[PDB]
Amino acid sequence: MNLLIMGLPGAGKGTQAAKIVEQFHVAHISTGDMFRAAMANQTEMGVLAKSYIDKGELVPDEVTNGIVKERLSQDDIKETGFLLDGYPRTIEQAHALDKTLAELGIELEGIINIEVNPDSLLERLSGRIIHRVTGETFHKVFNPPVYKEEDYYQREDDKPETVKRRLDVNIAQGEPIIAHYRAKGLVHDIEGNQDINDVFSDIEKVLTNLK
């Protein structure tokens, strides 16, 4: 399957991606993960990305498109399918993606659009804790771990003032992107305001209705 998953920050893209990958075995491509990996390994791209990510701002499109395209162009994806998560995040990236996909002879089969009440998102991100090895996320109230602190951390961009900036930035950029793909008949709206397993149940029905 060739899929996009999108939603505002904290809407549960990563949480749902993990469950999607477990069942459908698509390749998870998360720009967020790629940036954070670059940072932790102190690559050049990591140093530049940090200055944006620490502020809750979008990383420039050219760097973002390039790394996505690099991933999309590799030999795996043709036969395994992917789940693009956190990209495209600007309409420019959407156009870049579409061109890139056409060149490669790859077609999007669906967009999973997780809709969540924006009033829920500050709390989702403020309570997030992250398992180090897997990057699996938990929530101290809504989805607590079975704890041991050495195994967890909190994302730098999850401090409330950064979250508030992230939300503003992405509420403005997300509307033209969803419309772009809805116009192509590719958008599936998911009720994100449920338990994690109920959200997944909805997504699973969508994915087993494709193709």
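We call the rigid core whatever largest set of C-alpha positions still superposes within 1.5 Å between the two forms. Numbering follows the first chain given and starts at 1. Compared with the form deposited in another entry:
Annotation for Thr90: C-alpha shift under 2 angstroms between these two forms, rigid core superposed. Once both forms are fitted on their rigid core, the CA atom of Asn113 lies less than 2 Å apart between these two forms.
A movement of the C-alpha atom of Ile177 falling short of 2 angstroms is seen between these two forms when the two forms are aligned on their rigid core.
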Given for the second form:
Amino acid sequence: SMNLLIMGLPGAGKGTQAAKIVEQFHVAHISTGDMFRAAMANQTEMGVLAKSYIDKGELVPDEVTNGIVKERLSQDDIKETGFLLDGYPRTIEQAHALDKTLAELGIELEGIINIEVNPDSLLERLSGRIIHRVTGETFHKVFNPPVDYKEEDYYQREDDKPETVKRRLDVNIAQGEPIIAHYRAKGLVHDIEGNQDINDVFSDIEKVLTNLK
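Could the form deposited in another entry be given as well, to go with the form deposited in one PDB entry?
One chain, no partners, no other molecules: that is all that follows.
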């Protein structure tokens, strides 16, 4: 059992590495989407409140979000298998709330996998998805270019356009950096070079996690 966070900007490979971490180390991967879904499925105190905001298209308040996390971390699997929290905390306020939650449950955080990738590089990756303008097909400027390729043959979904991606990276950099610093001051942050093949990133994670205890 290990008690862990994973962090990283959008596109950094967190989802893939999280799944590899579970397969090998058998901790419970818990994303913000997972915790919300479980709260609503279980009809918990906070889950029915979250549903009430989500049904109206409204962002959920931190008292509810932090309460969902406290519900999640109180489950039996947590002290049995440990966990890999992904997505939460979103902000330094949520990190301060998590730390109170953990202390009250008598759980110690043991490590943070921080996958780093240059955000200018991430902008190019995340803004690569293109759709052929004559009815058929998805490609990607970096990962899967179409035959020949000329830009006028494609369009993009709004969330894949460079300006939209830049906004998303800017918020995650602004919100994430104070959290990474907060935990780095306590030696909990292990920086992983996201600049590698899937198995090479995972190898570096395995050197971190198998050495922790």
